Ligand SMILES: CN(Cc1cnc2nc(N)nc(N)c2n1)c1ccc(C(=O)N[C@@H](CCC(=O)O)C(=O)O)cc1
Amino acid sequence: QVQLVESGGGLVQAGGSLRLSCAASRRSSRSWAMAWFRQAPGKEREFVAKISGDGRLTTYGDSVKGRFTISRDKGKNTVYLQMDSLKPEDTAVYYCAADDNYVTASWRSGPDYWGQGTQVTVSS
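Keeping to the form solved in complex with this ligand, what do you get for the structure of that sequence alone?
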């Protein structure tokens, strides 16, 4: 069925920016909260940011608040993660995910659909 696909990943110098995008193979008439998570070796996948189905509410993980911005565009059926002031510590595979519930979209188990990930590496 529905496939989420991340793009915009890369290898950039610290202090640089990237903008990730998550596109889907189909549109839904329903409300889906969307989220980004990241995973590095030696770690559990961790929540980074989420946005409610209507775009009005956003939450960020404590390590990225103020530096990253999540936003979504209905006409293009795409969700974005603007990542500024990148640090070495942000290096990870980033995944996008869709959840029918905004509260649980930050839980590892909450989302109903996940992409396969895009790699982001930040060199010092």
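We have the form solved in complex with this ligand; now please give the form deposited without this ligand.
We keep it simple here and write out only the one chain, dropping partners and molecules.
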């Protein structure tokens, strides 16, 4: 019954920015760690970024570090991904995910809940 709904995807020229958003259908007594992953054809869905329930800890995949920023609203199960300096290599369907554990939130099978995906395409 928990639902995660992503928004903010689009088709944009290289070098440009997008901001993805994700809101869960409820708050939890401890806010969930949240994460973004991305999937493109021919490649396993990959971890992009995560943030702890309390917002104090973040980590990024090697390919996006320095360009993307993950943030959340304090005490809500929402999460954002600000994507700057977009490259064609960033084209994928981006999924938000929620986990009651920050350490496993970057594992393909860690999170409890998954969104349906928002497409992001970066043209050259």
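Basically, rigid core = biggest C-alpha set you can superpose within 1.5 Å across the two forms. Only residues modelled in both forms are compared. Numbering follows the first chain given and starts at 1.
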Handout entry: Residue from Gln39, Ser85, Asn77, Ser63 whose Cα, after superposing the rigid core, lies 2 Å or more away between the two forms
Key = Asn77
Problem - Value in Å for the CA shift of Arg30 between the two forms, taken after the core is superposed - result: 2.2
Practice task
Any chance you could measure the C-alpha shift of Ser7 between the two forms with the core superposed, in Å?
Solution key: 0.2
Problem - Core-referenced shifts between the two forms - contiguous stretches of at least three, CA at least 2 Å - result: 74-78
